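Participant: Listed here are the chains, written in short residue letters.
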Amino acid sequence: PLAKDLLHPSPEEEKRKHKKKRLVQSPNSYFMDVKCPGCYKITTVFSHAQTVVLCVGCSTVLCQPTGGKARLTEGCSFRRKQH
Amino acid sequence: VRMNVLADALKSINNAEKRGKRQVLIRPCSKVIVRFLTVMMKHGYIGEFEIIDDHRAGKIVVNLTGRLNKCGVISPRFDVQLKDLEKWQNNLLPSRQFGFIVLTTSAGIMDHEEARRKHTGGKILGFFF
Amino acid sequence: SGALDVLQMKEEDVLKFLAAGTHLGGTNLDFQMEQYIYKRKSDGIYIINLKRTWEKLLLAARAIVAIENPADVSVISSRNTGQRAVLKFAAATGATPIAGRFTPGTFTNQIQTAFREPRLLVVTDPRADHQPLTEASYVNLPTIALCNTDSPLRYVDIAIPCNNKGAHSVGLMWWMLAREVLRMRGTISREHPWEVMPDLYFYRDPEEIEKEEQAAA
Amino acid sequence: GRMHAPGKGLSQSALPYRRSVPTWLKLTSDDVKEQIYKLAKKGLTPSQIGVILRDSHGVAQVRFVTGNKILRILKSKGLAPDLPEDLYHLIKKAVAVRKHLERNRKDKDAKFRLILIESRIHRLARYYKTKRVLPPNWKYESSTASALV
Amino acid sequence: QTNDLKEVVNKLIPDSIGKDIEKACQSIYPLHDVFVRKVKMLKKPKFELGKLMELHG
RNA sequence: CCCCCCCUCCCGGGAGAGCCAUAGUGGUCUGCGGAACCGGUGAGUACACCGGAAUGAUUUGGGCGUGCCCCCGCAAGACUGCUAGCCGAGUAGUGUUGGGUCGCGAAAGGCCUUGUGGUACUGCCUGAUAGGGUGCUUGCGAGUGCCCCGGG
RNA sequence: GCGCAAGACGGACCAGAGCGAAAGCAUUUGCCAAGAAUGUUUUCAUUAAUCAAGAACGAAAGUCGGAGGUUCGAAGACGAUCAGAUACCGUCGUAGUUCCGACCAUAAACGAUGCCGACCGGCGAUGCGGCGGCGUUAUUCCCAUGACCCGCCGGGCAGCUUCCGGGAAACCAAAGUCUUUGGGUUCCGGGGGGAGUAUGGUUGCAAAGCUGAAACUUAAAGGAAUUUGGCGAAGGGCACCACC
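Protein chains in written order, with the working numbering: chain A, 1 to 83; chain B, 1 to 129; chain C, 1 to 217; chain D, 1 to 149; chain E, 1 to 57.
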């Protein structure tokens, strides 16, 4: 295209591009809250956790480290935090 | 590595000018780039530009118009006197009716005509016509 | 081009679009056709936006009616899909037709018997008719083309996004182009339907011709 | 790209534009200072401390919630290690490579990598000498690498 | 290791080992042509007539 | 007396996990008001004692992921699973590559309404009329046909 | 046809696929050390790029000292071929080819194209890592992992097209952004021979490696492309001044 407005693009183009090639750099990671079905302790787990985080009480394992995003165990429902 | 940010900025501006684009994205800004673009605005070669302020190093989006032939940067910053400016005028400009030399004087970044008007000289930056 | 309220695409035209298979295109997508595409779906078929097609058709109709000599518009179709359609278009609006075997040298070689020097050019396919496109470059002559989602855009000026593969859609574009040009010129009233039949512009295989001759009287 | 490799990488962290403390975080800077002191008493590097805090305790950075970084806090309290951690890791890797070459003399590629690692060690040690973190009489050698961990 | 020669030859007449390999390896990468291509014999014990007449009836 | 098969054609009856309706049910999702908002206590999933506080007197179900999760009453919707009388019963057995709340899947016997219509098909094996292999036909390429039985 | 012994090598799978700074690397398993890319809201904070002196690695052949020598095979012994054949061809065959320990530092070591950084068209695939989404399968339910399918992102070997642009052209998405000439930096060439030759220094046991002239002689030597012509070059046809 001969004329492209780079001052404000569409949001799906900002989502599509690399995290460093945007007009303003924004990370693709996020913070979230998980809870066990049995034990009731809401904790904060990073998306790319890269480590074994444990509940307060040491009963159930929350996540396993992977190459990218961490693998939450079955039954531990989650939702994204924002403000 | 990246050693001359202004030369890269004018190289990208000249490349997108030859390509025919209407907007140029300069990734690293500087105060020198802002003064150079302000001079090119005030002499009517580029349009209305922006500074994309992030917290590391800002980006600049330049609205282009079809009035620019070439933007160049002389490297390194050769010191030039008032009697040595005419040599640069004959071996750098395409004509005497137009063309400007941006030089870094102690009174600020300005063109050669204002440098002759304020009776001062400095170091070379670049040229545009 | 469609900015007025009388220049809106009416009820029957959308039905003709959906029955002629205009809204769906080919498999590949040209990068000049990013804006004339609504979205993609299953089995690799791109959806052409009908409103932008209407805007480009009105723009091409304005460009055609803008000149005052109707014989100075030359319309070329060399594929069998648009042989009779451009003939009916030239009979309707007064244009000059070329139907198959465009000889390389009409617009440039000045001593030929077929030396044509028009002012505006309409062609039905940018890809198969690459010979009038490069010949239109040597003279100051614009070009309006019926372009697909995969047709390359070079030396074109008004690109109407359509399905130029089926004969029904091609005949529908030529019929509405003649209709809109005659409506802008003033020969055809804007509110009374001058619609004779759209099938006079439609190409068919000859097997269907003997089939219709056997099934009819 | 890299310094001793022909490849080019673009894998690094990208901080958000907002440098403000989020409203959902309920940790006052003295509590995260206490947690940093506890993890340092457990014997961890500042990088691993930042990893554990970011993964478990929900903080983004210490520096966005406290006016100092992790190493600055550890130097203010007075329990930071006497050697930088990257130069220590490079010395440990060079010791492991030299231990590999004590029994395998046919591995020319490992000798090449040992030369590269020692060049990186000297290049970092020159900068740490000019920044006055290391004493001026410090010198990386073979026999000095065995006594140091 | 839990069979002697008779029923393992009976197992070698069809490709039951091949079908078991193809079924077991489906979760790793699916195979389609698995056949036991060669069976050799390294060591042979002392010759006993009774096993020969049990192997012929 | 051309005595053996074998292929096809007209029509009809059975077994099997097809589709469209029908009866019995079971789940996921959806909106409305918790007399109005800020904290302290014993683990806090629905929890209970209160202090502030709103209209002399009275008082509004919770958690901390501050915005959707529980428990309520109302209102009917969209989608899906099983059975083809129902209960026995998802019960043994079987199963894996890693788990689960787990697929496949019986009969004995008993209470009644004695058990809902149309439309097709079936080479052989494996693990369903699915899935994945692989044949018969004339040498090829493409079609028809290759479950059991009865009359010609 | 059944067995024994010796040494060498790892076909088919094997690709304009992978790794390594280059030379180079292909049976299975086990041990040790190392590395690119991807992911990161982790840490230090300018630690960076190119490089006289100096330093590691470095195909095959060649040298010194051992063990072993299956096949192949410089020198050599013959048999044909030919006017001659100490050549092509065939049979043997010594060093060498293999491993260990010590040497040289040479290739058309070629992408005949230095390294770092930025910008300028499109498309379909491919190897790795990550992300998202209808469906099929590891037999019918759920989740995650493998295997397919549709796309995005980053790095890498590459491909097709192009009046971007360049060039003497072949061609190149770099060999582009070059009279509109300046991003940073190392090495190197000034007509063809003499000549990588003489001499001096230096390294090596040796073969040889690095540095490296001058006298004299010459008007051309070369690069790309077009036309003819002739090929013991290929593909189609013809002729009793060609053949059967």
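For the record, the hints were derived by calculation from the structure and aren't laboratory data.
Worth double-checking, as some hints may not be accurate.
To be verified - Residues of chain B clear of chain A, computed beta-carbon distances all greater than 12 Å:
{"id": "1", "residue": "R22"}
{"id": "2", "residue": "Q23"}
{"id": "3", "residue": "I52"}
{"id": "4", "residue": "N63"}
{"id": "5", "residue": "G72"}
{"id": "6", "residue": "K83"}
{"id": "7", "residue": "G108"}
{"id": "8", "residue": "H119"}
{"id": "9", "residue": "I124"}
As the list claims (entries may be wrong) - Computed list of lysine-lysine pairs in BS3-like fashion (alpha-carbon distance at most 25 Å, straight line):
{"id": "10", "chain 1": "C", "residue 1": "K51", "chain 2": "A", "residue 2": "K17"}
{"id": "11", "chain 1": "C", "residue 1": "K39", "chain 2": "A", "residue 2": "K17"}
{"id": "12", "chain 1": "C", "residue 1": "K211", "chain 2": "A", "residue 2": "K4"}
{"id": "13", "chain 1": "D", "residue 1": "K41", "chain 2": "A", "residue 2": "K17"}
Unchecked claim - DEER-style ranges, computed between Cβ atoms:
{"id": "14", "chain 1": "B", "residue 1": "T65", "chain 2": "D", "residue 2": "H89", "range": "37 to 45 Å"}
{"id": "15", "chain 1": "B", "residue 1": "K11", "chain 2": "D", "residue 2": "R123", "range": "27 to 35 Å"}
{"id": "16", "chain 1": "B", "residue 1": "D8", "chain 2": "D", "residue 2": "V21", "range": "34 to 42 Å"}
{"id": "17", "chain 1": "D", "residue 1": "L10", "chain 2": "C", "residue 2": "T103", "range": "51 to 59 Å"}
{"id": "18", "chain 1": "C", "residue 1": "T103", "chain 2": "B", "residue 2": "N69", "range": "23 to 31 Å"}
All residues carry an ideal CB built from backbone N, CA and C; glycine is no exception.
Participant: Against each hint, give a clear statement of whether it holds in the structure.
Facilitator: Right, here's what the structure says about each hint:
Not every Cβ of chain A is farther than 12 Å from the Cβ of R22(B); the closest lies at roughly 5 Å, contradicting the non-interface assignment. With a least beta-carbon separation of about 5 Å from chain A, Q23(B) fails to lie farther than 12 Å from that chain, contradicting its non-interface assignment. Some Cβ of chain A comes within 12 Å of the Cβ of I52(B); the nearest lies about 6 Å off, and the non-interface call is violated. The non-interface label for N63(B) is inconsistent with chain A: the shortest C-beta to C-beta separation is roughly 9 Å, within 12 Å.
Non-interface call for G72(B) relative to chain A: holds, since the shortest CB-CB distance, roughly 24 Å, exceeds 12 Å. Against chain A, the non-interface label of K83(B) holds: every CB pair exceeds 12 Å, the least being about 44 Å. At roughly 28 Å from the closest C-beta of chain A, the C-beta of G108(B) stays outside 12 Å, upholding its exclusion from the interface. Taking the minimum C-beta to C-beta distance to chain A, about 41 Å, the non-interface status of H119(B) holds against the 12 Å cut.
Listed as a non-interface residue, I124(B) keeps its Cβ farther than 12 Å from every Cβ of chain A; the least gap is roughly 31 Å. As the CA atoms of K51(C) and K17(A) are separated by approximately 29 Å, the hinted pair breaks the 25 Å bound. This hinted pair checks out: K39(C) and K17(A) have alpha carbons roughly 19 Å apart, not beyond 25 Å. Under the criterion of a C-alpha separation no larger than 25 Å, the hint pairing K211(C) with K4(A) is inconsistent with the structure, at around 53 Å.
Using a Cα cut-off of 25 Å, the hinted pair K41(D) and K17(A) is violated, with the two alpha carbons roughly 43 Å apart. Take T65(B) and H89(D): their Cβ atoms lie about 55 Å apart, and the range 37 to 45 Å is violated. Here the CB-CB span from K11(B) to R123(D) is close to 31 Å, well matched to the stated 27 to 35 Å. At roughly 37 Å, the beta carbons of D8(B) and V21(D) sit within the given window of 34 to 42 Å.
Judged by the Cβ atoms, the range 51 to 59 Å given for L10(D) and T103(C) holds: they are separated by roughly 55 Å. Our hint of 23 to 31 Å for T103(C) and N69(B) is violated, since their Cβ atoms are close to 43 Å apart.
Taken one by one, the earlier hints fail for this structure at numbers 1, 2, 3, 4, 10, 12, 13, 14 and 18, listed in ascending order.
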